[PDB]
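Encoded as structure tokens, the following chain is the form deposited in one PDB entry, with no partner shown.
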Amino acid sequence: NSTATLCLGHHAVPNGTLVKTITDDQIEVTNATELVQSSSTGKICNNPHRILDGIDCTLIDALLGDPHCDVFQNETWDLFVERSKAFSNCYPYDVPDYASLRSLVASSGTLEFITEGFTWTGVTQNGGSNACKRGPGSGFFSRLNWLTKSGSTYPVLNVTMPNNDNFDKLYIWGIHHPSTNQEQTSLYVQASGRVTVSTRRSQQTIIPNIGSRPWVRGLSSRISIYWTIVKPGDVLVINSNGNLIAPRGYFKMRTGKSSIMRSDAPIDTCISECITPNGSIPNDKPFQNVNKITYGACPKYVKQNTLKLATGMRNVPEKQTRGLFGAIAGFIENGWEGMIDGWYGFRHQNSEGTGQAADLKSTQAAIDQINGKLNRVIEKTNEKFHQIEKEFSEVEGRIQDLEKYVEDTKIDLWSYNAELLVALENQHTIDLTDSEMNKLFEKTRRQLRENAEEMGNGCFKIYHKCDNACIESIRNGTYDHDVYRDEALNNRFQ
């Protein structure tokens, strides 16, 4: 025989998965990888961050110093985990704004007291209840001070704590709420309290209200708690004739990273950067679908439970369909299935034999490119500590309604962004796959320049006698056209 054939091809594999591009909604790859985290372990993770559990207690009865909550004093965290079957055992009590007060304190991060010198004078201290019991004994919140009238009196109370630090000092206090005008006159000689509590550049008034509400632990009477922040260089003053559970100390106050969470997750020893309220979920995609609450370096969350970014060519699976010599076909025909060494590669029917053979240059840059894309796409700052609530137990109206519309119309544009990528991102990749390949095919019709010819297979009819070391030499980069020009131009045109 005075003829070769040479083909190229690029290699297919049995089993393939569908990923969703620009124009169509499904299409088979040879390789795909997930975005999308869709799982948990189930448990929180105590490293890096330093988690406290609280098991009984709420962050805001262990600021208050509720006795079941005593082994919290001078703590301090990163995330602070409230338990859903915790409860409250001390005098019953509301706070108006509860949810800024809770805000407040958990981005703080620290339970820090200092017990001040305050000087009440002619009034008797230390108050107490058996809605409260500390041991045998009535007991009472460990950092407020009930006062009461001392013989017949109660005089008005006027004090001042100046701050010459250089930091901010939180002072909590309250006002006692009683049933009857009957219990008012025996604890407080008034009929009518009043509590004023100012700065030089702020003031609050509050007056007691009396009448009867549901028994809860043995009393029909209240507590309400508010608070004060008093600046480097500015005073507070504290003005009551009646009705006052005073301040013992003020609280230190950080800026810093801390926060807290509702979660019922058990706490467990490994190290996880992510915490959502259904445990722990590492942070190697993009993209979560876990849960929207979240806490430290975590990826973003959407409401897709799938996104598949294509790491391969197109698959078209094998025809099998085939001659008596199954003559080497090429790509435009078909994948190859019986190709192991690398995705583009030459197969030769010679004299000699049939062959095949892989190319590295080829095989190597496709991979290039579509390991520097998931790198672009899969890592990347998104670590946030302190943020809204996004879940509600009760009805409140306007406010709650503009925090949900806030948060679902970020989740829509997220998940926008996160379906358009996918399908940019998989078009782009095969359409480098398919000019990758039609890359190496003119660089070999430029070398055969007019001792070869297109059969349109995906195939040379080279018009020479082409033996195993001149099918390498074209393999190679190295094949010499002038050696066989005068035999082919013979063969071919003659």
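Positions refer to the first chain, counted from 1. Superpose the two forms; the largest set of C-alphas matching within 1.5 Å is the rigid core. Compared with the form deposited in another entry:
Of the residues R376, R398, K361, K231, exactly one exceeds or equals a 2 Å C-alpha shift between these two forms once the rigid core is aligned, and that residue is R376.
Please could you give me the other form, the form deposited in another entry, since above is the form deposited in one PDB entry?
Nothing else is written out below except the one chain.
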């Protein structure tokens, strides 16, 4: 008739997702993303990090030079992958502080070996065994030299090697533990051995232990592996009177990003920055629930399987009660499921007809704030390489308990941080979208000084004759109240 109705509202959707905030345990929204990566392809991608697959070789057999591990000489890696089908097929051995040696060689990232001229005098070199067959003949570790009595004598050995280079040199050496008192004299003339290996600042002395051990590949004897690092400017001395497994050369040492991982996943051709023991995962999401062990740029490990970030507004599903008069309704009531052009918009009822449109500035302002919110506080990426061990096969006691306690403390503190951040950010999102709605209302109310009244459905009963051009002026922000003031005041108050 003589008056007009102009209402404000926001878009609704039929199928919405539940989220969690500070104030409510579940609310419904128009749209929500996932922030926890729960899946893996099950394969290890070979770019961009250099992957070296050990097949039946451990890293400690590859370094000593076991015969089925001779493909690995002078190799380099970013990540070394060990398989659970790996075995040993040479002289039986133990390494005191095995975990320490494995970690030191993994972080160096190379098996570069330089043969040096060591002069062993009055002894027979290149000792062998049928526990280590290289071809039909007997053999031994390619990087160690078994020394034994020449004629009926083993002289006190005294050799020196100086570092005049500008890098560090790692020497691997050992000692033979014979099973009887009748084997010692047969190989090394003496009855009790001794091996001393020293620099200017450090020393180690080992004595051999004699007695019977379980049979492994036809022997009840064992070797024990040791190591020494010689710095630039320092000297090495070796002084043994019996039972010495001599070094043949040194290994170069580098500082870099190299590491080691126990996996059973196949290796494939693809590009992925994060590797887990369950295969490579993508790094688009900030958190991950696949595995606590990782390498390269990776998401943070949390205990949760799902965290949903509200990327839209609240979803009051349109009351399916469609008015008989098709009464335009507002935001205080419900959402509008018939709006596609934008989030916030205007519906006008006029003599001319019913109509609809969308507001660009309001929608854009909400979208710009919402895009990249998580990016503001937590970092895009976090690269880590060589870390600690997080899974154990044996019981050890104190140090293993401390390692397990340090990892659990870290996981519980990053899981609490991930729960609070999603609830805080979800709250702030619902608040900014709701204030934006009420901001367009106050703007509309301010332009209509005394020529409109509020109904409380989210609607402004305008008390003059508004045509399409007049509605368009309000929408734009050029509505001139003075023109229709007299007519509206005479219509509303009399």
